[PDB]
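Enquirer: The primary structure of each chain is shown beneath.
Protein chains: 2
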Amino acid sequence: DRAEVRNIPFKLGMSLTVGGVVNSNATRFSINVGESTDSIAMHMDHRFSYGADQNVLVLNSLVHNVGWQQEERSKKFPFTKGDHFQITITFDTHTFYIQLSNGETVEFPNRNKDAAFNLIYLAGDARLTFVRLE
Amino acid sequence: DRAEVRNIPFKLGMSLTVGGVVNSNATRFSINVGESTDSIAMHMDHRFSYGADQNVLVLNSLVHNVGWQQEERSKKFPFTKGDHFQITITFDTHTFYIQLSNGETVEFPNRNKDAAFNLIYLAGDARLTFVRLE
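Heads up: the protein sequence lines correspond to chains A and B, in order. All residue numbers for the first sequence refer to the numbering used here, where the first residue is 1 and numbers rise by one. All residue numbers for the second sequence refer to the numbering used here, where the first residue is 135 and numbers rise by one.
Hint data in this document are derived by calculation from the structure and do not stem from the laboratory. Hints should not be assumed to be uniformly reliable.
The calculated DSBU-like cross-link candidates involving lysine-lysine, where the alpha carbons are at most 35 angstroms apart (straight line), are [unchecked claim]: (1) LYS210/B / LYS11/A; (2) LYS76/A / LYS145/B; (3) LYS76/A / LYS247/B; (4) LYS247/B / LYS81/A; (5) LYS145/B / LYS215/B; (6) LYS210/B / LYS113/A.
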């Protein structure tokens, strides 16, 4: 179902570039970097329409058998249903560095101080079209 | 366990470059392009020591609930246990075009005439370190 890259270590000093296409009537889709679908160190949720959330990015971490931690939000939203997007992520032990399709960036804490991640995945209303992890 | 890229379509005209490291005491490891672990359109097996097979590449397809089809072999074997390797694959409807770490190439028939593949994986005695699928 989901698009994923599994067990190709995403390590300090590497870059992850993902391209895809948002579905036409998307509600929301996320990129996730972590360990599993129940262990995500960087979740970035792209909310076209979700409760009160319209055109907002919501970022958070997910701890296995615990739940979502503190959410962070950004109003930067260079994303269009039906359209291509491209995201690039790098990280060091303190921070995830996220660059969006228009070159705008968001940063999110590396809460575990992890130096590598074995799972990258997209979920929700979109699809991936290319990946560079290197 | 295995390293994989799943549901990022590997389509006609795209290129797949994978880099990794062969384990030190490897027997064999494969790169696979297909549909699932029981449906592989291009299997390329890297046999350091396997029966009578030493330093040989064995290529084949795997049909779901049927089995392996006709094997093809190459004596091109620019691969060292413990060492990095890089492989690039492209394909059109008739052929898979495989380039090895030293620039040597092998070709293998696209037996199904498939135009896209949702699963790429490495199995056996090695690990992946980067991937470009684009």
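Enquirer: All hints are to be evaluated individually against the structure, with a verdict given for each.
Expert: Verification of the hints:
{"no.": "1", "hint": "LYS210/B / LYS11/A", "in the structure": "holds (32 angstroms)"}
{"no.": "2", "hint": "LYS76/A / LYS145/B", "in the structure": "holds (32 angstroms)"}
{"no.": "3", "hint": "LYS76/A / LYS247/B", "in the structure": "violated (43 angstroms)"}
{"no.": "4", "hint": "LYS247/B / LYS81/A", "in the structure": "holds (32 angstroms)"}
{"no.": "5", "hint": "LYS145/B / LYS215/B", "in the structure": "holds (31 angstroms)"}
{"no.": "6", "hint": "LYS210/B / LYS113/A", "in the structure": "violated (43 angstroms)"}
Going through the hint list in order, the structure does not satisfy hints 3 and 6.
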